[PDB]
Amino acid sequence: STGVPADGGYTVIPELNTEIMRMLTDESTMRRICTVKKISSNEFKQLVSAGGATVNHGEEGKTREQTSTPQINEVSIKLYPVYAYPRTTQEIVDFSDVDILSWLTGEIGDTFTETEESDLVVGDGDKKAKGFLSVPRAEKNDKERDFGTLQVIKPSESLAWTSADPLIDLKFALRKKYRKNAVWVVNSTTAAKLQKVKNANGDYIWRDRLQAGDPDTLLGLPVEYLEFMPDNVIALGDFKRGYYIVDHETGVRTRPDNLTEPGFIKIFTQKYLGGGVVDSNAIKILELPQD
Amino acid sequence: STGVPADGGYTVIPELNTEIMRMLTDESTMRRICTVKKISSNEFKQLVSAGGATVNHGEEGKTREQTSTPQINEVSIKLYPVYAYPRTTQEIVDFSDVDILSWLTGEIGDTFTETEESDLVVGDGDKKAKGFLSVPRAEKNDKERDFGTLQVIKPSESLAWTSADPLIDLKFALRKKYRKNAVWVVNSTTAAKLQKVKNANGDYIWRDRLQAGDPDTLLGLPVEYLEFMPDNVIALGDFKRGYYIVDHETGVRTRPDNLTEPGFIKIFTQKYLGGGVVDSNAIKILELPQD
Amino acid sequence: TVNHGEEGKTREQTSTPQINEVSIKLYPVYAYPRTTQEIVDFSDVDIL
Amino acid sequence: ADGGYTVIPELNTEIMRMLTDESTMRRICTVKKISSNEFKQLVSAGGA
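Chains as they are written, first to last, in the authors' numbering: chain A, 93 to 383; chain A', 93 to 383; chain A'', 146 to 193; chain B, 98 to 145. A prime marks a further copy of an entry chain.
Some clues are possibly wrong.
Stated by the list, open to error - Simulated DEER-style distance windows between Cβ atoms:
#	chain 1	residue 1	chain 2	residue 2	range
1	A'	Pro322	A	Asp189	37 to 45 angstroms
2	A	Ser194	A'	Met115	48 to 56 angstroms
3	A'	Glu151	A	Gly355	42 to 50 angstroms
4	A	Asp189	A'	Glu236	54 to 62 angstroms
5	A	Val344	A'	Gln303	40 to 48 angstroms
To be verified - Listed next, the in silico DSS-like pairs over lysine-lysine satisfying Cα-Cα at most 30 angstroms (straight line):
#	chain 1	residue 1	chain 2	residue 2
6	A'	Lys272	A	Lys268
7	A'	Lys288	A	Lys288
8	A	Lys358	A	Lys129
9	A'	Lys268	A	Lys268
10	A'	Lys219	A''	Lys154
11	A	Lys219	A'	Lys268
Source of the hints: derived by calculation from the structure; they are not laboratory data.
The C-beta atom is built at its ideal place from N, Cα and C for all residues, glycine as well.
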């Protein structure tokens with residue numbers, strides 16, 4: 093029996109699945125909702141015209157006066173090296189059936205996706221991608237607010253977690269231009285807190301109004317959750333326009349660096365991540381008081 | 093008339109439908125929601141990387157420090173013989189129009205599906221598949237909780253059967269990684285109790301919000317019910333990743349064993365069932381107090 | 146049923162599943178309307 | 098933990114069998130291939 097090792101138990105080898113299960117794998121929602129511009133430079137300058145172009149509605153037989161020429165703004169999204177430098181022993185890389193080189197590159201790529209969802213959201217911008225939350229916020233409309241700052245809605249705790257008013261405010265803070273292809277961005281804990289909001293009567297506001305085949309939505313817009321957001325913080329926008337993820341044209345470049353310290357192979361797999369707010373009017377932030 | 097046996101009543105034979113109706117037949121929801129890995133071994137080792145890979149967000153002109161190499165975990169899913177050994181009389185197997193060999197193999201296959209839904213859920217693991225419920229549970233988040241243990245949510249009886257808070261907690265305990273292809277797992281009695289939850293006002297929380305063509309869902313995710321769950325226990329996860337059903341490469345192997353005791357044919361039809369939690373972060377358990 | 150046998154244990158007898166009989170008997174459901182031959186002949190809408 | 102489970106031990110399929118002692122007796126002694134249970138060799142016991 094297999095229970096006794098000596099009685100034919102050593103013969104039975106455990107069939108190790110050669111494909112290691114990468115627990116932390118996820119399709120990068122940042123790279124899907126936001127545009128990806130492969131570039132070859134340290135800094136990427138997208139030109140974002142603020143506006144100001146006007147018409148005077150001229151009459152038949154009136155001198156056509158000068159109209160104001162529209163303005164342009166600079167968004168200087170600088171790329172920075174996001175890297176991981178694990179020093180695997182050459183022993184494992186040789187003594188293996190599950191391919192440690194490919195497995196570790198996959199793990200570090202998943203780590204890159206995680207740190208993209210971290211830097212492109214919360215990332216302060218200190219030699220890394222400046223997340224839209226780290227971008228300074230201003231509670232003003234698109235006409236009054238300065239460019240490069242996001243409209244933030246900050247209601248009181250009363251109507252914050254009791255009613256849909258903050259989220260409706262967040263939805264219609266966006267213009268139709270962005271609401272056509274907008275998407276919600278909520279933390280999982282903040283999402284749970286949102287689904288639990290109950291008015292003075294007691295009924296839920298967001299009454300799980302979905303079908304089986306429906307993707308998770310909120311006020312008629314899809315919700316791509318980002319796990320690295322701070323608690324009780326929400327975002328919403330046309331992140332295709334709203335945010336630029338500037339990857340370098342080389343992308344992930346995994347030199348194994350086997351000669352630096354023999355007996356060890358050190359996968360470097362550095363990538364150049366950049367991120368920035370583009371069309372600051374295309375993303376809206378909603379801060380909610382902590383319960 | 094047919095009423096009197098002698099007056100042409102013996103001529104009328106009852107047309108026995110040669111296809112026996114197997115009452116207990118059901119498409120195995122376990123084998124569909126969970127992955128099936130046909131294997132040739134006593135033990136199946138899937139490698140489940142816990143994580144821990146990090147990046148330091150290096151600057152331009154800074155020495156690139158060492159990052160922590162990610163970890164791997166072992167899930168030792170051992171296969172065990174699940175069998176049934178019915179001793180049919182050779183008399184019936186010969187004296188029959190409905191094929192008793194095929195009918196009995198179908199009945200024992202349905203029994204195997206039932207005992208899969210039992211072992212892969214509640215099964216303690218004593219020389220059988222260890223169900224995800226029998227796997228030890230811990231009320232902690234994915235970061236703090238030990239691997240190989242499932243996040244269990246245990247609210248008080250007040251908000252358990254009055255509000256959707258436990259189920260929303262269960263939904264967003266999963267990460268987006270799993271919520272993309274997640275599925276609910278509820279007992280039929282527990283499902284009925286869930287559909288009956290009514291807040292302090294009296295209105296139902298889950299207001300049968302479905303269409304005719306919609307599969308039964310809950311918080312925007314499908315619900316594949318398992319009948320062998322304990323009362324007032326719920327599960328939810330990406331069971332493709334969350335649970336591994338390790339069948340042996342031979343599968344069901346039905347030797348009829350006609351020589352062991354003549355006058356009797358003893359279908360053995362043993363299979364090697366194994367089951368285990370894989371990505372303990374991909375399944376979430378919700379315990380609710382008994383009413 | 147299954148006994149969930151171990152490695153190195155005698156495989157005990159499991160209970161053979163049962164069968165039930167549902168004797169669905171057919172019976173004559175009929176209607177015997179006596180239409181006049183007059184209408185069946187004198188008609189444009191086909192009475193038959 | 099960190100890549101040690103990765104290392105499967107390469108177990109050899111063909112098990113080496115203990116080398117037995119060359120079947121000495123049936124080389125030495127005379128071997129008979131009978132179709133019965135008994136072989137009965139009549140021998141001269143002397144006494145003449």
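For each hint, the structure was consulted:
{"no.": "1", "hint": "A':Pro322 with A:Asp189: 37 to 45 angstroms", "in the structure": "holds, 39 angstroms"}
{"no.": "2", "hint": "A:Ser194 with A':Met115: 48 to 56 angstroms", "in the structure": "holds, 49 angstroms"}
{"no.": "3", "hint": "A':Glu151 with A:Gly355: 42 to 50 angstroms", "in the structure": "violated, 30 angstroms"}
{"no.": "4", "hint": "A:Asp189 with A':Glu236: 54 to 62 angstroms", "in the structure": "violated, 32 angstroms"}
{"no.": "5", "hint": "A:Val344 with A':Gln303: 40 to 48 angstroms", "in the structure": "holds, 44 angstroms"}
{"no.": "6", "hint": "A':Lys272 with A:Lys268", "in the structure": "holds, 28 angstroms"}
{"no.": "7", "hint": "A':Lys288 with A:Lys288", "in the structure": "holds, 18 angstroms"}
{"no.": "8", "hint": "A:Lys358 with A:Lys129", "in the structure": "holds, 29 angstroms"}
{"no.": "9", "hint": "A':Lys268 with A:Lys268", "in the structure": "holds, 28 angstroms"}
{"no.": "10", "hint": "A':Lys219 with A'':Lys154", "in the structure": "holds, 11 angstroms"}
{"no.": "11", "hint": "A:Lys219 with A':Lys268", "in the structure": "holds, 28 angstroms"}
Violated hints, in rising order: 3, 4; the structure is consistent with all others.
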